[PDB]
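Take a look at this single chain, the form deposited without the partner chain, given in structure tokens.
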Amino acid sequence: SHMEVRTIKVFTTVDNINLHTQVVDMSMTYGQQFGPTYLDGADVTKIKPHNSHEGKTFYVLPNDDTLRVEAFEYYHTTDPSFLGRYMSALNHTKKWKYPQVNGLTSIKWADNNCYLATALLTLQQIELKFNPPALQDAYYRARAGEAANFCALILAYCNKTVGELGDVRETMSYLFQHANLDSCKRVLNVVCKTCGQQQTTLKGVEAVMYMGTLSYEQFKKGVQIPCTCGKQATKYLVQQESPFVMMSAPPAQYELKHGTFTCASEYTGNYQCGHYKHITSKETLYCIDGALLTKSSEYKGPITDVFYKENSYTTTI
């Protein structure tokens, strides 16, 4: 009747660093013993242990106080589905290719990941330190060329699944949310001919992102925005303290000039499907399109996001 019990030792984890010794019954599934369980991204919840599994590390969900703390300390989230979504993505991104293109880690196109490739390429050209150890650790590996965990983390943090259409501005917003931008400061002035002037200070992520124009110069000169009185008012940059700025707008034909920006994202398509490309300004203009690379002296296209170097700026207005 009853089969002789066989067991193996395995380790469970939520961060792949702190291991937790377990003894599993090879006649029960992982799911029956751990809840949802993953082996390097693969869902083994419904798998019964193999001898080859002995000594291997499995991710589980934070189901006790020790794992909850380890997971928060490593990822800076308490979203219950986070680890599941991170493993589900990782099962895909570990099969993506990450070619070095013009010295930067890119991503060969798959699974609508073009927005991720230009986000990744952008990160490697701006000064940014992540706060979660998971992002620090994974970004370091991504810079070295092994970007699978980093890309799966971006998907998890953004609540995007592999293959879902993503927006670069929104993705960067999530990444900046988890970065140290505390010393970034922006002072704006808005001037209405009827209502007068109103100055506003922004900090952190809101200090480095602007939605409305791609041109940093235009933002220094002034952009027209609605005023509550019904007139159009003029908003201009008074003071900026940050290592970069990101200027974003709905996709519009726009000319990129060598040496006047750091990098940019281009979006061809519509609200339901499209394709992002990346433009970086080095010795010439390089267009990185996943694994593909072209160059040109001028660039014009439907640009959505442009990144600029900064340190300290003060208006003369």
Given for the second form:
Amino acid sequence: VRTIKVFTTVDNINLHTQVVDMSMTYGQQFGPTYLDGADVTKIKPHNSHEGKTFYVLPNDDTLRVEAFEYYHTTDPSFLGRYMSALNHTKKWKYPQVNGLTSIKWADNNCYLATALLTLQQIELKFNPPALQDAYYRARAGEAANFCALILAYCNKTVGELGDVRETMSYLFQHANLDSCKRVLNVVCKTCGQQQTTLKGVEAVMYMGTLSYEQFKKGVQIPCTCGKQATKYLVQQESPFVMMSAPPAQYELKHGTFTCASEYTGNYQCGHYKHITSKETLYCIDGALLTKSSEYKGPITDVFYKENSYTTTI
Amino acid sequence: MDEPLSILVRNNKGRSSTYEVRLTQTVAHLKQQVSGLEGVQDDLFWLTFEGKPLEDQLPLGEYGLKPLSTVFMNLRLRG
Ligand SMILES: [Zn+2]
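Next, give the form solved in complex with the partner chain, keeping in mind that what was shown is the form deposited without the partner chain.
In what comes next, the whole complex appears, and the chain from above leads the way.
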């Protein structure tokens, strides 16, 4: 009976020697099994496979612990989802545009390219080692692993239409945002004043206006009495803020923001581009790059640099 | 134990509505209720609680939802 030596893994760091019977499929021996993203569950070992590393699902305590320590998830299917994405993302191209890793268009991935470009421009430290490592490689220009992990964490598949805001929502859960703090005040001429403090993710995201300045000055929102109260920013402690709104024509002025998302289309179906403010305004559309001194277009999300802000109100 | 509780879900325009739920039931069941009440297809939005997005397959209890918690209904873009 012919056999071969292979290694199994869930993290590609800790390897586990296995001797496999060449007359049985990988699936019969390991369960779902992947070779560099390819599903080999129904395949029998090939001679050329000797000494290769295969991903398996975390099907015992040691692998469960390794997988949790690396990915900070215990969803048993996470690895399979990651591998399926990776089988595609390893085939995408990742052009360097103005020093940032982008993604050449494939598989309706404009939203991921915009998210990735954004991530490379805001100060954010991921908690799972998987994301730290993959982000380092993606900045080195090999972003396949990072993008497949994004898809896996968001429970989206390759080819699926995506939302940038939702993607960031998923990704921030896996970031160290503990020392982020936001203080808001809401003033109603009827009801009086109520201060609120927000921490972590809720401290860096707002949906309703694109303008950080407007958020500092005040936005009108409904109160529980029915009048219009004013919500304004009292204090901000974070390395960035994200201001979001339904897509609307908005003028981006060089030097007044970090980067922004543009959505052209309709809620049901549409297209993202990325705008970044450098020496001028650069519009990145996957591999494509254009530049301009001014900008007006359908913006949905704007990111701003921050350190510490306190109102004079 | 595991008695039904009422939570709030605030839509994209700002109106909250009450929903009787049980922490044992899945996010997807709450999502069906919200779709029915708001008249928005459940593919068109995602739910968040205290910033964290709610995954359809998990039971609401996984998220520490307490009586009169407010979930936020976020209109989703398909870019
Ligand atoms: Zn009021």
